[PDB]
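Asks: Below, each chain spelled out in residue letters.
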Amino acid sequence: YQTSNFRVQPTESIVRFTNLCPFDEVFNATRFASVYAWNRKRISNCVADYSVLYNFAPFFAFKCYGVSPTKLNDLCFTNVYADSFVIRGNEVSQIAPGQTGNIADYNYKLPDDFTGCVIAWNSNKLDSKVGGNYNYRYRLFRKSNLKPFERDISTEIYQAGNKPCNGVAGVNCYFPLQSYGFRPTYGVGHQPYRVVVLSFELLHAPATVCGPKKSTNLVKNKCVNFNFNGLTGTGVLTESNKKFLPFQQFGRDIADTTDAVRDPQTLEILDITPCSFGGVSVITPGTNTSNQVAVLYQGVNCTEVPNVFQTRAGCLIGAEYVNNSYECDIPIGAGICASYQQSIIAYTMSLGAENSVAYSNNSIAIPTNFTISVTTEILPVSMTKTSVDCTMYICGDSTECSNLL
Amino acid sequence: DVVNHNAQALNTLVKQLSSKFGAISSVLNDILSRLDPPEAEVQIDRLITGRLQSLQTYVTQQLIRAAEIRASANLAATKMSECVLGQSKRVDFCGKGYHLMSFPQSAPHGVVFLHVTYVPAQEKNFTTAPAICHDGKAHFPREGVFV
Amino acid sequence: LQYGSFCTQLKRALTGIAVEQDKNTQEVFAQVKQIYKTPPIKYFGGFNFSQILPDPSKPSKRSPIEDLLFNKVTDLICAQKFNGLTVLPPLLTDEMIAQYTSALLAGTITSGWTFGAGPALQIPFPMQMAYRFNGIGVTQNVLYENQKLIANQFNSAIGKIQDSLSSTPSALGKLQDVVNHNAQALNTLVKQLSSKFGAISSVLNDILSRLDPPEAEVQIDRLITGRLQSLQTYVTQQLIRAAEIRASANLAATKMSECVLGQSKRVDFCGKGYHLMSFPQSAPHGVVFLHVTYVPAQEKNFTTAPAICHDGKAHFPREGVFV
Amino acid sequence: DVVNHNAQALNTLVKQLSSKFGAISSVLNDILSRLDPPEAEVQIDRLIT
Amino acid sequence: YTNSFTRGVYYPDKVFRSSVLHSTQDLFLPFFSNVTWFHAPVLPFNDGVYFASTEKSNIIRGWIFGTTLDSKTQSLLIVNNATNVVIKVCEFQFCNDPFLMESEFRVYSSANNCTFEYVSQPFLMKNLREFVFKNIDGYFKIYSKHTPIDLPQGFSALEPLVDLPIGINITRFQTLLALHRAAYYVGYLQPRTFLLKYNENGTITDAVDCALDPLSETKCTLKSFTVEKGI
Ligand SMILES: *[C@@H]1O[C@H](CO)[C@@H](O)[C@H](O)[C@H]1NC(C)=O
Ligand SMILES: *[C@@H]1O[C@H](CO)[C@@H](O)[C@H](O)[C@H]1NC(C)=O
Ligand SMILES: *[C@@H]1O[C@H](CO)[C@@H](O)[C@H](O)[C@H]1NC(C)=O
Ligand SMILES: *[C@@H]1O[C@H](CO)[C@@H](O)[C@H](O)[C@H]1NC(C)=O
Ligand SMILES: *[C@@H]1O[C@H](CO)[C@@H](O)[C@H](O)[C@H]1NC(C)=O
Ligand SMILES: *[C@@H]1O[C@H](CO)[C@@H](O)[C@H](O)[C@H]1NC(C)=O
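Chains as they are written, first to last, in the deposited numbering: chain L, 313 to 329, 333 to 621, 641 to 675, 690 to 753; chain A, 950 to 1096; chain R, 754 to 827, 848 to 1096; chain H, 950 to 998; chain C, 30 to 69, 82 to 141, 153 to 177, 187 to 210, 215 to 246, 263 to 312.
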């Protein structure tokens, strides 16, 4: 009988991965650009911690979509972007992937498949002028919808009617760029907020921006968890003779499974192989006859398991091989059978008794008597006839789900 | 084996009703009470899809098994026509040996054939020849063999 | 765990198929009680069987034709192994099957059709061939008076078979198609693991290490559903294909019983023409029959009559025809 | 019936295209218009399945 | 005018593969294409550019990529001075016919803030120099290859050289040598689906277009380079 599987377990952990990466100058910026013209800064080639910037705690809303905020320090990213501006708290809901909004459609479009985090903190005291700060201005109208991740600077006169103006403005011609009403009297939602979004990628390029983790020494020939630059996995790590070209980092078989990797610290190539595993079968005579058993580890070398006999089917434990030959009793495989004789034995099955016929040029054999024999033969002819009520089975007695059905 | 297979299939179908299929509960009334009508629909639809899938697999397996049973029944009808209503010359079709006759018996969901055959025994050695030369002519046996 | 008992049903279906495969081979080859051996001196009245009898020199103990067949019919395995797919060895090895076929050949050469109904009774081979000539409606003296010509024709016809197989490479298409179909199904199964099915990624580790559990669960569900669908489809196709192979194996067993262990009167069951005898050979995952038949030739025209009138009485031919 | 069993089967196939399958509508264009791109995806996935 | 037989093939990704047929979709130079054998005027930059040349003594130096090539709009410049690769991206005002002991060197009309000034080992140096330039995803990617030997009829893939995260818009480009009107070809890229053969090592021995002709489409569908008789 086939019962379960056996799997080797890892015994260790291997990790592989410098200058600090500054965010304070990005966050603690003296001035922030307008919504219609939003500042963008590229972050790369520097290791950064997301907890130090989580220590200031000015935030009012943290929204990470692709990732979870708690695991941010654990992930290695490439091509980090930071888009920054100032907007009052009224329009914070308008910034989300696939979210309808006036600035979303006309000032800054966020793709619905966004991968990153959006945060905003209220620096009302610093960014709200008591006499009115009209420097921050947003576009109100344009002929067409804005594309995702596009910045528009050209602010021409917008024609709002049949009346052709051409710099005349007036009725049916309003200039899109318009300034906020920055009153300290204005309450929550009309006070300034410094909003920055952080955009990342996952696994299209070799890692550049890694988090705050510490590397360890590497091991070989042992099944061990490994975390090469954020590439998690488990297996035995071996030396590799693959002819990796200097731009090449991983390898892959016909099944698109990673077959090699390069250490971030030492430039060398390593092969990967999952540790051994397989199926387990239990060979037993009847329970009433005895309680001894034998165990078969299918397709496994006997050297890789914690009487031991090696067979083309696997490793057999608990049975003693013999040189005799009988008819098959319990088939193990590859011509090997097993039987019970106050012990459990394994042997090579025998095809039958051997016989040689006395062929000759002029010899014949004739019967001198006969036998009448009777034999049985059993054949099934029919099956059970069943029927089912579809609705009663699926839905039972609820009429709500019947309509759904 | 036929009875065991059918009973196993029916039992599996019945037991599949108590699986939640990734919903909060398997009991319909619990979803009806614990939730508002607008929300209940998704949870209900999960159960609908799961139970419909299980029914489909049951029916497909039954079709395959029925085709196997039909093949067996056609073989049985051929044996009835050729071993019982006649005498066969096909080797090993009706028992082992030289076929003489057969007798049918009925059994639950099937049939049993009793084949009556002839078997030689107690052989002996002899010297043989293909033909006999006599009076300058070659003689061949009409139906037997020279010993 | 709370998605049903589908895993148990899939495992049980595959086990049933695997057991049926060994039963198929047992039905075809294990049709003989004893292991018969050929006499040391290989003289059978001028007929030469060297091309189908076992070759002592080769270590495999296979006949030349069987060697040609085995050579004719022919890492991706590691990738399949590393994802929970395994291939089990068959119960009967190739040597056992070759030994079974050699036993059948020895029995039919030295005993005629007798060993298939009781004890094996010996008879000279030309005398057996005269019995088989009587079987199709020709008298014995036709064989005994043309023994050398018939033996030469048989030897030449056997000689041409090896070339006919060796030259044409499309002869063994059926056996190759079985292997290709199986390998294609396994390859599709293993390649299906790289589909997103609507999730953010197709790697479980990334989804786990990137999201909180409440948001990871919804992503896990999609992958589970897609992969379960793939497994179900694979098992259904295997069930249908096994249902086909079983019919083929039943036909092969019937042909072994009726063409090799006896002489058949069914038209076109054992070759084209009037059946005389047949010989089996083993091939990877299959069997090959060689059918020996009688074909008339060089006909002539005659005038005939239904009866002959003599002394006011009508005479009819006892077993022939008037010409 | 060998003819009939085929001509029937195709018919049911071509009728399943008019079934909503638990979506708002069975017409792709009608769903594409009346709904936002983020929302349309679940409806389309229902139809596809 | 002349014909590009089988040229413009490069490695699409930085991963190892061996003894495998792999199918990709990417910008490529379609097989047996019309390419312009300039023997000397702005040249458009549509989706990418395939440049090839056989000149010796480094007559050609670099290229100029820009949307409008004005001091108001950012542009690009690359110079190979037999010592290092001077890449720059600053708003320049260009001469009408720019070019380069000639102790004095030409100066462009104006300069502005230089956003990126990567410098490295020079590119250049009977032989052919092939370069593929593409600008997508806010990245400017450059491939290259130098082969000893007229475009020869053979196969030689191009290895990636550099990627620049400049993230600007380019529409037009020109070359940097004395253009008082030196032989160099120009071709263009289009979206295509290719089938590439990787040998035992990482090299790309052969490839196949998927839309050249019906036979190629059959080779794609069967995923092999040979087809038996059939339909
Ligand atoms: C594995 O099994 C083979 C025989 O199948 C044996 O020769 C070998 O020593 C075993 N161990 C290793 C590490 O190969
Ligand atoms: C049968 O006859 C042949 C030729 O006459 C001879 O070679 C062979 O040995 C004979 N068989 C015996 C004597 O068993
Ligand atoms: C016929 O003779 C042979 C010669 O050895 C002998 O082996 C065989 O047993 C004999 N047959 C019978 C039925 O005794
Ligand atoms: C028999 O005669 C017919 C007509 O004379 C002729 O066509 C046919 O070929 C003849 N048969 C043979 C075998 O010669
Ligand atoms: C390439 O294009 C030019 C102009 O369009 C044309 O004259 C020439 O024949 C073309 N080359 C071909 C078709 O090989
Ligand atoms: C591939 O690398 C091996 C390494 O020894 C070499 O022998 C072989 O010639 C190479 N094949 C090429 C470069 O085509």
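Accuracy of the hints is not assured; some may be wrong.
Unchecked claim - To spell it out: a stretch of chain R is covered by chain L in this simulated footprint if at least three of its residues, at any positions, have a beta carbon under 8 Å from a beta carbon of chain L; those stretches are:
(1) 784-790
(2) 814-824
(3) 983-995
(4) 1059-1066
Unchecked claim - Incomplete in silico selection of chain A near chain L, CB under 7 Å:
(5) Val951
(6) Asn953
(7) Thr1076
Unchecked claim - Distance condition first, Cα-Cα at most 30 Å in a straight line; then the derived BS3-like pairs of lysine-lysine:
(8) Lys790/R x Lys776/R
(9) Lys795/R x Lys969/R
(10) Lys300/C x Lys206/C
(11) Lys1073/A x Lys786/R
(12) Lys964/A x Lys764/R
(13) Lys854/R x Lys557/L
(14) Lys795/R x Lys733/L
Since the hints were made in silico from the structure, they are not lab data. C-beta atoms are modelled at their ideal positions from N, C-alpha and C, and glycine is treated no differently.
Asks: All hints, please: hold or fail.
Replies: Okay, the hints, checked on the actual structure:
1. 784-790: holds (count 6)
2. 814-824: Since 0 is below three, the answer is violated.
3. 983-995: holds (count 4)
4. 1059-1066: Result for this restraint: violated, n = 0.
5. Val951: 6 Å, holds
6. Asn953: Not OK, violated: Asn953/A not within 7 Å of chain L, min 11 Å.
7. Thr1076: This interface hint holds because 6 Å falls under the 7 Å limit.
8. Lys790/R x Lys776/R: Distance of about 26 Å is within 30 Å: holds.
9. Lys795/R x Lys969/R: This hinted pair is violated, its Cα atoms lying about 67 Å apart.
10. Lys300/C x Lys206/C: Judged against 30 Å, a Cα distance of about 28 Å means the pair holds.
11. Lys1073/A x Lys786/R: 21 Å, holds
12. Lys964/A x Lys764/R: 18 Å, holds
13. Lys854/R x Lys557/L: Given that 30 Å is the threshold and the Cα spacing comes to 22 Å, the pair holds.
14. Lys795/R x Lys733/L: Violated, at about 61 Å.
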